[PDB]
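**Q** Residue strings, one per chain:
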Amino acid sequence: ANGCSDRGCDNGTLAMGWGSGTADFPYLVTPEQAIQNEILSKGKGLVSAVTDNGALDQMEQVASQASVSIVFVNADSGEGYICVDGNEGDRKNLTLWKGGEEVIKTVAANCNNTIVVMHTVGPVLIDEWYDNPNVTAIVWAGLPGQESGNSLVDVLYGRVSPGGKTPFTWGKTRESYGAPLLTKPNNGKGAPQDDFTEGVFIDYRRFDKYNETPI
Amino acid sequence: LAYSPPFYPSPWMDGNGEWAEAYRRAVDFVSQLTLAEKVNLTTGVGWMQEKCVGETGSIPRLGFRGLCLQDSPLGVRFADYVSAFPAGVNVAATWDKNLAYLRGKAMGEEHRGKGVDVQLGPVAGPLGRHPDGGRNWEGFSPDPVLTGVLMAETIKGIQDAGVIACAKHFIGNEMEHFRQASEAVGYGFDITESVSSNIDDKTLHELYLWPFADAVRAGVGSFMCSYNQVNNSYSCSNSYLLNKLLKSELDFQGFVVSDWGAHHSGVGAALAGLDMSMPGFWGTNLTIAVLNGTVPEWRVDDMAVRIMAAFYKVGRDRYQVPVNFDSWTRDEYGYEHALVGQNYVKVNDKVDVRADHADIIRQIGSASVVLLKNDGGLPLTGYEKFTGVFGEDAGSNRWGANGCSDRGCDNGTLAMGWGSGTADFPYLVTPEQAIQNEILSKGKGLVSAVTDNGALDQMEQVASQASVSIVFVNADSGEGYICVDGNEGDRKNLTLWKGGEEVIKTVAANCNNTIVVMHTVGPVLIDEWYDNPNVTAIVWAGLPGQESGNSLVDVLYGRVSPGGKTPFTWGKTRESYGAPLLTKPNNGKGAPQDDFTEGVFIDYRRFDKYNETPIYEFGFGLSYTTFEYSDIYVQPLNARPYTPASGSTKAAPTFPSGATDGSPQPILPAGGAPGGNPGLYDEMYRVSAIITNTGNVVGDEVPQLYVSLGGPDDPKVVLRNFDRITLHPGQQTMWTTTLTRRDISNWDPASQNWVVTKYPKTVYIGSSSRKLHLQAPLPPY
Amino acid sequence: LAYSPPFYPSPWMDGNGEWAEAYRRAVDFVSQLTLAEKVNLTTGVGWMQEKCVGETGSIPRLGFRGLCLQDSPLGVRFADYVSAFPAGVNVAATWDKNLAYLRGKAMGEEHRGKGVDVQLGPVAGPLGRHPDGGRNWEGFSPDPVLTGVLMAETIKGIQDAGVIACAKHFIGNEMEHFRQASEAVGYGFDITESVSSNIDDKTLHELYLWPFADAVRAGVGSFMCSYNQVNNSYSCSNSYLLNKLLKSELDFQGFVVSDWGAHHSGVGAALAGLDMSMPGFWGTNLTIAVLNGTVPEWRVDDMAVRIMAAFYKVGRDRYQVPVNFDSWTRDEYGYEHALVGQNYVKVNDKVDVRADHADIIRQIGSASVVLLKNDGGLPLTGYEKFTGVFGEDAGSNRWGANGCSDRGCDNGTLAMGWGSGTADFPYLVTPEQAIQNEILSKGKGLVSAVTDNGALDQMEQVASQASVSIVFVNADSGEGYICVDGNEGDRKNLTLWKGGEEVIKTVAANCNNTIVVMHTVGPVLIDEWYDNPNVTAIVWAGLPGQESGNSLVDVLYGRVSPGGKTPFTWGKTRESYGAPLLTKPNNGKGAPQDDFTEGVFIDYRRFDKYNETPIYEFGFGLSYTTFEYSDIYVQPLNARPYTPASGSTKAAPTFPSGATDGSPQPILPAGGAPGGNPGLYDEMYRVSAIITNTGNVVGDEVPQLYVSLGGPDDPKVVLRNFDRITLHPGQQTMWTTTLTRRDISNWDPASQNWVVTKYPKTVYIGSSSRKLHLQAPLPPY
Ligand SMILES: OC[C@H]1NC[C@H](O)[C@@H](O)[C@@H]1O
Ligand SMILES: OC[C@H]1NC[C@H](O)[C@@H](O)[C@@H]1O
Ligand SMILES: [Mg+2]
Ligand SMILES: [Mg+2]
Ligand SMILES: [Mg+2]
Ligand SMILES: [Mg+2]
Ligand SMILES: [Mg+2]
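These protein sequence lines are chains C, A and D, in that order. Going by the authors' numbering, the final residue of the first sequence carries number 646, and the count climbs one at a time with no gaps. Heads up: the second sequence is residues 23 to 302, 312 to 686, 736 to 861, going by the authors' numbering. Heads up: the third sequence is residues 23 to 302, 312 to 686, 736 to 861, going by the authors' numbering.
Possibly wrong hints are sitting among the right ones.
FRET-style restraints, in silico, Cβ to Cβ [to be verified]:
#1 C:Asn524 x D:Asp406: 28 to 34 Å
#2 A:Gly589 x C:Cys440: 33 to 39 Å
#3 C:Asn524 x A:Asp488: 27 to 33 Å
#4 C:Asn618 x D:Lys851: 20 to 26 Å
#5 C:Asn544 x D:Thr628: 48 to 54 Å
#6 C:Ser472 x A:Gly210: 56 to 62 Å
#7 C:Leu612 x A:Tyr561: 54 to 60 Å
#8 A:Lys473 x C:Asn618: 57 to 63 Å
#9 C:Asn618 x D:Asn543: 50 to 56 Å
#10 C:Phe632 x D:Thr628: 53 to 59 Å
By construction, these hints were calculated from the structure, which means they are not laboratory data. Don't be surprised by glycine CBs; every beta carbon is placed ideally from N, CA and C.
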């Protein structure tokens, strides 16, 4: 759980971003673990976890047999002194990491009761899959800390009704958000200038002003 | 070239004793059949042509469907909503007859619930000649008695549940190399024939054949003849093997089925003792050979009656339901060809047969853990401040528990070997999972799992902070048609997989309270770390099936005192075991020759003979309590003198010299009933000793009785009986068993019988093959 | 369902004209044989039983060994000390009859030197219906004329070298998906029969059959019938296909062999036109069928004499030497079973047959380069200050040039596709190697090679500093028994492999003089980068064989001006091509149905019909110089009127309704001679034009003659002729060809003959399918 210094990787379940804004896990309950504990303490149905986003064949064959498919995807970011996968602190895009989008599409193509769980540091572009009819539910779970799997299953299995609201907008495009990120110097060797030209119009204020409909 | 003499005619059933009812009904059935219908029972339908791994032809005129033959020895293969049981080697490590029986019953239940008629197991061949033999883990133990006893219990469990068991593989299939020429060609070898296991008559009787005798006497319905040759005759057309040893001496009443595509002499195989050809030409030729008198009618009558006797013996007439799953797809529906066009039919009903079988699987898991070392490491409490979990073998198969087909990989925790001897997991509880649950339900200390064997920096980091480090390592193997990491079924070495030894050393250098759990199919060379003072405990846990993690923690955290004993030897070197694997053909393009020159001296017998000291001897295991042995007592029973069997068989009924002879035949001196001349099972001595729990916790001991037969060529000791016994602190018990005539005899090739030699015999009772606490002479009479 | 009518009896040889001497000698030989000896010629000895990919039985009484049949279309497969030639698709890109011929001769020389009797090639099926068909690269072009001409030249080359050639696969094997049931099952599909290519009579005649007619007429000794069905009858037992189309209409005189395990109705296949069964179990069944009269004597006789006729036609009697290599091992010696014991025999002589064939392989490599774009990028000088080389496709196969079995991987530079259509490299010169050699022998500027497609930082690093950046990308495919990266033979998409597109974009972002080199088995979608202004040149180089890097740099550095033309279309989308690949069974468990509904409208014909603009049109390619077309002229030749063939065969000699009829048969009106009614090849018009090099360097131009047949359902244009012509600066030539009656005809199903329709025809001469510079009417007469 603490195998990457300052959490500077995206290995396994994402429960914390990277950099100084971190702490060590005393332990980390994964979704895999909590879901298996749930099943095996109740109906004791079948349960298998394919946790390699490259094993698409296995996902097809397990998903075809499933009453329900619970898909996990993430996107990470952190402090600028750490770079992961070409993300220099800031995110180089709003894609799901490690081919998460392909995981969703594969599973959804084989199971008409697919649940998508998103552990992301912020919004990702979901236009391509959110309206898939085979995706019967979608949750965002963020960075839940040490109890991730347990906190999640409490909701998924109905002990707690979900009552969170997204504290940022989910847009169709990166352009929807305006405010492009300055990634190349614009004042020679001197201080770059990030001009806050949009004023108070960030996030939903921007969407509202340009009458753009969020997802 | 070593030679297999002919033996004809192929003996017909007696249907005496426990087989009488079944024979009577088989006869009434076969009497009604055409020749074509009888032949159908003997003929497989074709590879993947129906639902089961093999099916016979049907008899629709009588509303009799073809038999369903399905793998495996540890579960229902190629099926959904089934359980994954511990491997046979785990069963051997329990030394527990009752558990073996109950595992059989539960497996039988699952097969029955799916519509299976024949479960293709259990396994006593391979026995375990080679520590690196790929399929040993499917069986039990290199020891013939341990294997034979648990084989028998397993069979009774399966058949009591209403399914035909199939003792396999008969015989001499002690390695995967060169088992089948086509397979060896796939590996770049140029041979046209399977290897020949060259086994002398004495060695056969006293080692490899022994557990099959137990199988026969346990009432097993079928046998499977092996892919390899024995003395340069393929098992499945080896008249000496099948007609003499199996069907005369051991008086087997059931049917012999071929291994799948096991080469045989077609119609000649039938005359040599084969009853059923799998998987499926033989149909037509058998019909023709009967019609022209090449095969006599009584032979085919006998083939059909054996098959149907097996069917009735286990109550298939009562317990049969439609085959409700498909081996070759998990789809619910599928197209099938019809007389006109096609139909779209139900092919999988997804019938859940698991019942409560997770309990017996957890229990056998716990009972099969062997405590090899404990200098104050175990048990744990669950209140440890910081628990470190280490090794890929702790973690998940990232492709899903069934993500490797036929389990043909070593991803995550190893709970099952590869090949036909498999079943799909309904789920898999990993050690990582079970250990975290244990901590988080108790003291809730720190716990971290580093499950990448390359992440050595992290293991140091974590181990150096841990109150306890629990390290997981494995070694895998399986059937020859699958190669993993250059292990062509057979293991290419006795090393821990994936740098496991490095994981152990790294962790132990950083944590002075290191616990090592080995999930191995067999022995590995541990000389370099077992004696590390920082390794405070070592367990072997084998291949535990679906409840691996849970079964383990029950032992590690002290709910169950470990009571398993190692069913094979842990030597210092590969050379210690002798019997090197033949991995290069030695007969040009012909059948390689694997000569069994060591005789009966495999595993512990070899170590004892050559005075090599094991790291951990056969039969060794520790407990969380202590036991004391006292007061051995030997009572001679004055059994009746042995009488060689004599007289005649009946004439062959209807419902190569001698092959068509249906006249009465002479009984062999060592035959005369299923399992051999009944005088062999006469009790000669009663032997007693007192076992006392001298420790502070309830625990199981496995007392062991060994015999020294006393000759220059005899092993110093051979196991002859054992039991598993629960004792409360301070409680004592008298362990009483008997030695049969067979138990104290040697095979005499000249007289073709078991003899009690004039060499003085000693009996020993102890806690392992080397810890022989008690002894007494066996006084002759 | 689509249906294939019966056509019986199976036509027997005429041995007229060019075949008379071969027929005479075959008769003399077959006259001497027993029936068993005749059947031996027709029967393969079994998979991997002897030395060659296939062998017939022998006739030792006359010292006649079994024939040796050996892959591949581009070299001697499974052999040492041989050359690896460029693939067929490269030959197609040359548009060079002469080069096609010389490649045939060289391959033929090599086969000959090894003792091969039959080279299993070349390929005109797959023709190329699907851009994603896995085996298209083994053939030539989706265009029937281009393929037919070069097919014929290749055949003449092989056979002129004293080896029998084999036109395959006949017919309709346009994809790998579902070609064989067992293979489909291996991929997890549930079917029991091969896909059926459903092709109407007109489409067959005007598209798929056409090149095969060319092969017949070129004197090809053998045909191989395909795995798939045609109109729901397997090619190898399809009487319409073999008896009617091949052996009557096209009057083929040679022998038909099956693809390896290509399914047929056993003895009924022989009646349907099959002559030879590979690889092998029908020998005794054919013998019996002849004895009981189900197969006439004249049929088995005709089978034997066709095989021997092919043998004598290419002069096997003069050129045969013992088979001096082994397909299944590189060992010098090996064991063989004998009447008793074994013989140790020589199995490989390591006969070096490469001669000087590296020269032609280099030359064809260079001639098959197609320059698709050039805005001042090429040629290079070798005096560039800094050359960057980018992409794994520039580098070495790290497992060795032959490190992937049957080239079944995409390691390093792609010079050959995968499957049976392969041969071993004696060496492989990579682009990395050749470019460094070029720089270091000339200007000795800087040069670096980043051959890891994941190393994007380094590519940016180096590309930023480069004078020129040379980027290498590939896309691979092959035979269906091999899957690479989810491509089950056929390509799962038309993307560049291993992120080639990202390499291109990364490099072009940092270097404004980026050259892209594509080694692809067929088209890929390049819409996103081809028009990038930083990409100053684009070349397709295909699968160049052993001299890849050398042949390439010869062009890039201006020693050879590129003159290749793309032999297929480069479209904007996959949908552009129509004819989507069937990758999902559509007839339940039965034969999938592949309907060729687009008719003759494949590749450029489709694009033309829908008025869709390709990125690069069929027949397009640039030069380092410019060419000018002028002054077309059409000369009517006033040919004799077309006469339907009439009269009757002779009766079948000896040495299903109609299947046993040996009586004189009527000649089909479109038959009469090998390749069709001779009147079909009468010259109708002579068409000529002046070509001039108007630039500053020597170059090759490929002028092309297209015809508009003028009907409402005719393609706007079809290729009818072409040549490759070297012109120095300011050099002119008169290019003159003739149009045959076939060239201006349509197939008429009602009359079963080629007809010249009344619609006005127009002839075009141009530099591509879309660059039709000159045109003229074809005056009716
Ligand atoms: O899968 C059927 C059969 N195949 C071959 C194996 O040797 C045998 O154990 C198994 O039962
Ligand atoms: O290798 C033999 C044979 N196998 C099957 C292929 O389709 C054919 O092209 C090849 O010649
Ligand atoms: Mg089926
Ligand atoms: Mg008997
Ligand atoms: Mg050979
Ligand atoms: Mg003719
Ligand atoms: Mg197709």
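**Q** Measuring from beta carbon to beta carbon, are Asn544 of chain C and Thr628 of chain D in 48 to 54 Å?
**A** Violated: the Cβ-Cβ distance is about 37 Å, outside 48 to 54 Å.
**Q** For the hint 33 to 39 Å, verify it against the beta carbon of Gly589 of chain A and that of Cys440 of chain C.
**A** holds (37 Å)
**Q** If you check the beta carbons of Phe632 of chain C and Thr628 of chain D, does the distance land in 53 to 59 Å?
**A** holds (55 Å)
**Q** Note whether the CB distance of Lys473 of chain A and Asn618 of chain C lies within 57 to 63 Å or breaks it.
**A** holds (60 Å)
**Q** Note whether the CB distance of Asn618 of chain C and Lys851 of chain D lies within 20 to 26 Å or breaks it.
**A** violated (52 Å)
**Q** May I ask you to test the hint 54 to 60 Å on the CB atoms belonging to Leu612 of chain C and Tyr561 of chain A?
**A** This hint holds: roughly 57 Å between Cβ atoms.
**Q** Return holds or violated for the Cβ distance of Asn618 of chain C and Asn543 of chain D against the range 50 to 56 Å.
**A** violated (25 Å)
**Q** Has the hinted range 56 to 62 Å been met by the Cβ atoms of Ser472 of chain C and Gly210 of chain A?
**A** violated (51 Å)
**Q** Given the hint of 28 to 34 Å, is the C-beta distance from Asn524 of chain C to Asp406 of chain D inside that range or not?
**A** At 32 Å between Cβs, range holds.
**Q** Does the Cβ pair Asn524 of chain C, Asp488 of chain A satisfy 27 to 33 Å?
**A** holds (31 Å)
In terms of the numbered hints stated before, the structure departs from hints 4, 5, 6, 9, listed from lowest to highest.
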